[PDB]
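Just need the whole structure built from these sequences, with the hints factored in.
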Amino acid sequence: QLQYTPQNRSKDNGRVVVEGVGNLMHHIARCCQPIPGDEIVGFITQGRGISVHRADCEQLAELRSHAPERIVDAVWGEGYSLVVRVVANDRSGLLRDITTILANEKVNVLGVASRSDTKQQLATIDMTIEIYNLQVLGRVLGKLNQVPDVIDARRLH
Amino acid sequence: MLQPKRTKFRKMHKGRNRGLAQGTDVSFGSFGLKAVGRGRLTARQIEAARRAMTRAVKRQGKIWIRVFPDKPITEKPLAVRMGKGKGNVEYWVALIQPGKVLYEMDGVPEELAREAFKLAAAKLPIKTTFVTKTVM
Amino acid sequence: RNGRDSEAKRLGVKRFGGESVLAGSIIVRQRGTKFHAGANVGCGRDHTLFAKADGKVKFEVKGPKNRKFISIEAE
RNA sequence: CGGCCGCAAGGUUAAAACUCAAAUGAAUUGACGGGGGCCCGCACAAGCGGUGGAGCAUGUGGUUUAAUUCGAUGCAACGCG
RNA sequence: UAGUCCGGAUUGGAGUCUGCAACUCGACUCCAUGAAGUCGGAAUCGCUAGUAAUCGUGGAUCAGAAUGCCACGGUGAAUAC
RNA sequence: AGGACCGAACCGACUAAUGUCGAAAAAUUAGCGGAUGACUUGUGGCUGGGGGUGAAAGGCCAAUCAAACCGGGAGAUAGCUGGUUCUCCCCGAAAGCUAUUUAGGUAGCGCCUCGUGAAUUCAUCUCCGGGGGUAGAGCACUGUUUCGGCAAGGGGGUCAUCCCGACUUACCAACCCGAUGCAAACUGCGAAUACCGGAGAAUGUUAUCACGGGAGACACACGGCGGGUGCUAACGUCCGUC
RNA sequence: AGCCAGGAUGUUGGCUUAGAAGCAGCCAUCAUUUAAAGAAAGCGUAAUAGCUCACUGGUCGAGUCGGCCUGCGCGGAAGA
RNA sequence: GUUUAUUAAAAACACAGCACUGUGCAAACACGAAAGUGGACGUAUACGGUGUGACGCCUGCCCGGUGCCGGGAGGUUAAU
RNA sequence: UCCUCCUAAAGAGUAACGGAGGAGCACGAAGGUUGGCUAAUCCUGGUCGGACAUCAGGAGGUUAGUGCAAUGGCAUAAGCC
RNA sequence: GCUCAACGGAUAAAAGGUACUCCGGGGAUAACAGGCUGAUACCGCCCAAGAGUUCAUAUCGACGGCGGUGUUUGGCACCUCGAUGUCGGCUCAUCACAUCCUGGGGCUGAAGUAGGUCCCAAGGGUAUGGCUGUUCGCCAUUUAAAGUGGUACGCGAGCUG
RNA sequence: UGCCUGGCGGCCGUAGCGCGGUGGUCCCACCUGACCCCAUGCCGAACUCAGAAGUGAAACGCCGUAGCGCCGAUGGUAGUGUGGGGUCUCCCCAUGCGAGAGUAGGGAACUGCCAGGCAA
RNA sequence: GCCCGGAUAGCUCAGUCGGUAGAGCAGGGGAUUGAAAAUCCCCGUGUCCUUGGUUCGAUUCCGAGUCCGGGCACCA
RNA sequence: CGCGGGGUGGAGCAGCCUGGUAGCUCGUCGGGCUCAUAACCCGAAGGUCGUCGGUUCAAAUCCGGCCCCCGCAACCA
RNA sequence: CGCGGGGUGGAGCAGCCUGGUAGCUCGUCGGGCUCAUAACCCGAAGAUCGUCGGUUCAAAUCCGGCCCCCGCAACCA
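Residue numbers (the authors' numbering), protein chains in the order written: chain 33, 579 to 581, 585 to 659, 664 to 742; chain L, 1 to 136; chain V, 7 to 81.
A hint or two may mislead.
If you want the ones that stay clear, here's a sample from chain L, every Cβ over 12 Å from chain 33, calculated [said to hold, decoys possible]:
1. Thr7
2. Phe9
3. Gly15
4. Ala21
5. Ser30
6. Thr42
7. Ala43
8. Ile63
9. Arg81
10. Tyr91
11. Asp106
12. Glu110
13. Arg114
14. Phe130
Keeping only pairs whose Cα atoms sit at most 25 Å apart, straight-line, the calculated PhoX-like set for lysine-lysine is [to be verified]:
15. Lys20 (chain V) <-> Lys74 (chain V)
16. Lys86 (chain L) <-> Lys14 (chain L)
17. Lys118 (chain L) <-> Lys704 (chain 33)
18. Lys15 (chain V) <-> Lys58 (chain V)
19. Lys5 (chain L) <-> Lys76 (chain L)
20. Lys11 (chain L) <-> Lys86 (chain L)
21. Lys11 (chain L) <-> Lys84 (chain L)
22. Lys8 (chain L) <-> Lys704 (chain 33)
23. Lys704 (chain 33) <-> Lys71 (chain L)
24. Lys58 (chain V) <-> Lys40 (chain V)
25. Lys728 (chain 33) <-> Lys691 (chain 33)
26. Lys704 (chain 33) <-> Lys123 (chain L)
27. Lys704 (chain 33) <-> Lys5 (chain L)
28. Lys133 (chain L) <-> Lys58 (chain L)
29. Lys123 (chain L) <-> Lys58 (chain L)
30. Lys64 (chain V) <-> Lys40 (chain V)
31. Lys118 (chain L) <-> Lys58 (chain L)
32. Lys704 (chain 33) <-> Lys62 (chain L)
33. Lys15 (chain V) <-> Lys74 (chain V)
Just so you know, these hints were derived from the structure itself, not from any lab.
Every residue gets a Cβ at the ideal spot worked out from N, C-alpha and C, and that includes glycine.
Structure (structure tokens):
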């Protein structure tokens with residue numbers, strides 16, 4: 579029910598400075614989820630301007646095998666938006682266990698990417714978010730690797 | 001609750017259980033749990049044992065069930081007079097005769113396996129034993 | 007909702023190998039054609055293999071597809 | 001409520017608590033009436049040609065947008081400022 | 001008498017003029033392209049005279065940018081008991 | 001005045017106890033209701049058995065009533081029960097099948113007996129000739145099953161996004177391939193026993209078959225074996241077989 | 001099998017973590033004086049410290065250790 | 001008041017009252033093969049049937065089904 | 001009532017309110033015969049035509065068909081003209 | 001010419017009630033008790049993820065497993081059709097112990113008080129009413145406690161009805 | 001008398017597939033033409049016919065190869081009739097029969113008759 | 001006097017486990033009106049009793065001080 | 001435990017019975033009349049037919065299970 | 001099983017009776033008129049006669065078989 586504001590505010594920009602200049606139309610790609618820290622590598626799509634693909638990655642490398650010349654460099658100016670996989674044992678209110686932590690833990694909860702099937706007692710749950718502060722990322726990983734049903738809860742890439 | 005996905009005939013004849021097992025060599029994991037007794041494994045017991053054993057090995061190494069219920073044991077609702085047709089497919093079981101492998105496992109220290117099977121077998125009805133894939 | 011059933015048709019072999027019979031004698035009451043005619047062995051519509059001549063009885067396996075046959079040994 | 005009368009329906013006698021600053025009579029000017037009379041106007045009737053269907057122009061609502069500046073929005077806004 | 005030599009939208013190409021500038025966003029030209037539409041539901045509009053209707057001419061605004069507005073004559077009814 | 005009132009005789013009969021092989025085949029005792037009335041009683045009439053009568057309970061009609069009593073059809077009928085009387089001798093069942101307004105009866109057949117009559121007729125074994133598809137087995141087929149390999153196609157994606165199309169996935173995954181089990185209604189296999197047929201020896205008071213007189217029997221129980229059912233429960237139940 | 005004593009340190013291993021210094025957690029599984037000592041089997045401290053540990057040598061001194069296979073038993077095992 | 005004499009006295013029955021409906025007198029109905037009688041030596045303010053059951057306030061909607069009454073044209077219609 | 005499969009213990013038969021499905025017809029042709037032919041289903045290519053009409057080829061092999069349920073059977077075909 | 005389909009076909013042609021009932025049979029065939037059985041019900045036992053702030057096993061313990069009893073709900077018709085007259089109350093009880101109290105212990109996440117729990121132990125003790133026919137149950141008020149069961153769910157040739 | 005090849009069998013996957021090679025004098029195939037015999041629910045593709053230049057590709061046959069299919073012991077196991085036993089929801093024993101599967105191995109047929117060709 | 005607990009945006013309420021202060025209602029905001037309602041689009045909203053100390057995180061630890069709901073106890 | 005009936009646009013009902021193609025009423029939506037609303041007038045969309053599986057060339061329909069809903073039964077005990 | 005009647009435009013349905021040559025109302029459409037519908041009024045819109053043969057110059061007709069329906073009646077195999 580809580581599932585625009587980012588694209589309306591990423592338009593506020595200042596978030597990327599491409600080869601010495603910002604203000605260029607751009608967007609973080611869905612195949613890397615670039616994070617503020619370890620810079621990036623940018624590619625120029627025909628329309629929709631620059632397509633950042635996070636520094637070092639295959640699809641970005643595939644482009645190198647087509648029009649590598651178009652590819653460009655940039656930084657971050659000023664950890665919004667990312668996904669996290671939390672494959673875990675069964676559930677038993679575990680869906681609450683993720684959320685229980687997340688609640689007033691603050692961070693955005695638009696990553697309704699769960700998938701409970703497999704063969705064994707191991708539901709595959711994923712979560713895209715739009716966490717703000719980089720420090721917040723760390724507290725989550727410590728508070729989410731802990732969970733008993735959880736066997737893995739870290740930066741999906 | 002391991003069980004057949006879309007059968008052929010619904011209810012099945014009781015059928016006496018006799019003779020020895022078949023797949024008697026742990027042909028997958030390095031270690032397995034052979035069965036000595038001669039009883040029937042309810043789908044519940046099997047799966048329950050699976051979770052039992054899996055609890056120990058965390059999730060490292062690898063497992064393999066060697067059986068499968070596939071025999072629709074039927075009961076009759078309580079307080080009903082005999083006859084009037086065979087009852088209802090209450091639950092499924094796999095006939096198990098002496099010497100039948102059940103849970104092959106590997107990738108984990110032999111000791112951890114030897115400990116897990118203690119538990120899994122502990123939940124099983126039929127008396128069982130541990131085994132290792134002796135070459136050929 | 008069941009319990010219904012036909013009424014056995016007394017099928018199966020009626021004459022075994024080595025047996026002697028008269029023409030018109032019925033050797034087999036097969037429903038399909040588990041067998042096939044042989045020398046002196048007529049095949050009625052009911053696939054009731056029978057004797058076309060008095061004599062002995064035998065069960066050949068001749069034929070490329072190992073189909074069994076019945077033949078009246080001309081005894 | 002009680003009392004009396006009544007077969008009944010009810011009737012007769014007849015309060016209070018509470019509640020508002022009005023309720024009300026007539027008469028006046030208007031407005032209105034699916035009241036009456038008298039009269040007019042493309043009001044209708046009698047006709048001529050139209051929009052509404054079609055594509056396009058233009059304005060408008062709505063929607064969208066980072067902005068779709070602001071105002072106009074029964075008749076008397078909508079090729080309007 | 002056909003969607004037809006009707007229709008002209010849309011669209012490609014190639015141009016002209018204005019103006020620092022014509023992609024968003026102009027006008028106009030040429031070649032081609034060539035849709036909806038075969039008189040429009042409910043509903044509803046103007047109009048009695050040189051009006052309706054139909055026809056083209058012009059002007060302010062204006063660098064440019066009218067199918068709008070304003071203005072001008074041409075043609076020219078019906079009907080009102 | 002009154003189907004008025006309290007109330008004895010009178011009429012009735014609510015309650016309790018006693019009695020309940022009694023004092024009695026419905027009463028005594030203690031109390032009960034009616035008691036001028038649709039009351040009660042004498043005597044004597046009348047109404048009759050599918051009839052009477054009934055303030056209606058199927059109550060009453062001679063201690064009897066959802067059709068009285070007595071006698072007569074009449075030894076009703078009784079697939080039901082009980083019972084069925086002296087003796088010895090010989091043989092000796094079945095509790096199955098099929099059919100039945102049949103299922104605790106009966107009928108024909110199976111088994112029984114007595115009689116006449118017939119062939120190594122028959123049984124046992126060894127040997128020979130036979131079909132089988134069961135136990136077991138197996139997984140080519142029908143289904144089902146686990147893992148692995150390959151993997152279309154399905155989704156996520158990057159790029160493109162009109163469109164084609166190109167890579168990409170620690171995502172789902174058909175098919176075929178390799179290993180792996182399961183089946184009463186699966187079989188590319190397949191016993192023993194079982195059954196039929198042929199021959200030969202041994203032993204068997206013909207043990208065999210046919211015809212004939214008379215039956216009984218058709219409720220079966222248990223135990224082992226092979227199963228169905230049921231909970232691989234029942235001295236359970238339903239068959240085969242001994 | 002007992003008892004005497006050693007069981008350290010380089011060092012706070014680095015990262016981590018308000019500290020985690022021998023043991024929350026990833027890595028390590030290097031070397032040192034080596035009789036031996038791993039970046040610790042169990043305990044314990046805010047971290048420390050600290051009691052043990054595997055282990056190493058002393059004394060005595062003969063067997064000793066756990067699995068395996070099976071024979072027969074014990075518990076498991078309460079009724080009117 | 002009555003009631004199951006001999007397990008039931010009641011809330012059962014009857015009950016006065018109300019309604020329905022039958023019946024014009026050789027009544028209706030019943031007893032009876034019948035004659036004949038009760039009805040009644042009465043005649044609609046009467047007599048039989050039925051439902052209800054003093055009194056008080058009342059007693060609503062349904063004619064499809066069934067039955068009862070009325071209509072008789074038309075189809076169907078027996079012996080003849 | 002009748003048919004088919006299993007139970008049914010490799011001959012026949014064999015019970016249960018045991019397990020599973022059917023029939024109470026159809027056809028003058030779907031019968032008889034003579035001659036002839038033999039499929040399913042995927043892959044590829046192909047006007048409209050697309051997961052799938054028809055077509056060509058191939059692999060495949062009777063996984064098809066047999067008026068209807070099942071079983072046995074069927075290419076010498078009983079299958080199809 | 002028959003769904004004579006109950007399909008070997010009693011008729012050309014036929015549905016009910018009987019607690020007003022009646023007769024001849026059966027424990028061949030039921031209700032209740034018993035008997036076998038123990039699915040179910042009850043009690044106990046194994047494994048033990050987990051809860052228990054730390055720590056599985058102080059105390060509970062899921063997923064599962066094996067039992068034991070013969071109290072329940074049942075299954076089977078072996079006993080009884082020539083009468084087993086069914087629940088509760090009353091009266092009178094007797095046994096088991098899987099113990100409600102009292103007595104003796106261990107452990108306790110037991111300071112003490114008071115409890116939790118398991119082991120031993122059957123000597124004795126082990127309510128009065130309200131409502132309901134109830135047993136039971138809820139409730140009132142007690143008590144050291146107001147046990148669980150068997151005994152034809154004891155007890156009618158003793159009572160009540 | 002040896003090799004070819006064709007027809008017809010016996011037998012019927014030890015005989016069948018795949019792979020590699022190979023033959024055209026004859027034989028065979030394909031092949032050529034089709035007024036006519038006959039034929040196509042269209043079509044000489046098939047069928048049918050008249051023929052024969054061409055060829056050995058296809059097909060066919062032979063030869064080699066075992067990558068499979070296929071065959072297949074011995075032993076053991078399962079089962080099992082019969083007689084005993086137990087811990088009798090299953091098995092033990094004596095005992096006669098005795099698998100399926102799998103292994104060693106086998107293995108790319110043999111064969112009779114006739115007819116024509118070559119070599120004798 | 002001692003012992004035990006309640007205090008959270010304006011109202012009612014969530015919480016919290018020594019770690020980065022929310023839900024609901026009103027309320028305000030914008031459209032519209034003269035201002036409301038209806039309708040339409042937005043939203044905030046708290047010294048966690050105070051306070052220091054253990055506080056990088058105390059709001060969950062700790063009393064000291066507050067009121068608040070129970071309980072015992074001074075019966076001169 | 002039992003037998004019978006039903007689940008279809010947002011609501012109520014068809015249509016199923018007897019295989020191919022789902023209609024009615026209100027409601028929702030678009031326009032009109034009105035100062036405005038309703039009413040009224042014009043025009044329009046909207047239903048994977050409970051779910052799964054099956055039978056079939058094809059299933060809302062035929063067949064079976066599952067979940068729901070209602071009915072009738074649960075007597076002698 | 002026989003007999004008595006009968007399928008006519010889409011159709012309720014006359015014609016028949018007394019051979020050639022076929023009506024009605026509902027189907028729809030439009031105009032009309034319509035505060036706006038309403039209502040109401042006119043023409044158009046409409047089968048070679050239930051199926052196929054005989055006799056006839058010509059077959060609804062007059063008749064034979066024929067499907068379907070409608071009644072009686074033989075429903076004692």
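**Request:** Sort out which numbered hints this structure fails and list those numbers smallest first.
**Result:** Number 8 - this is the single hint that the structure violates.
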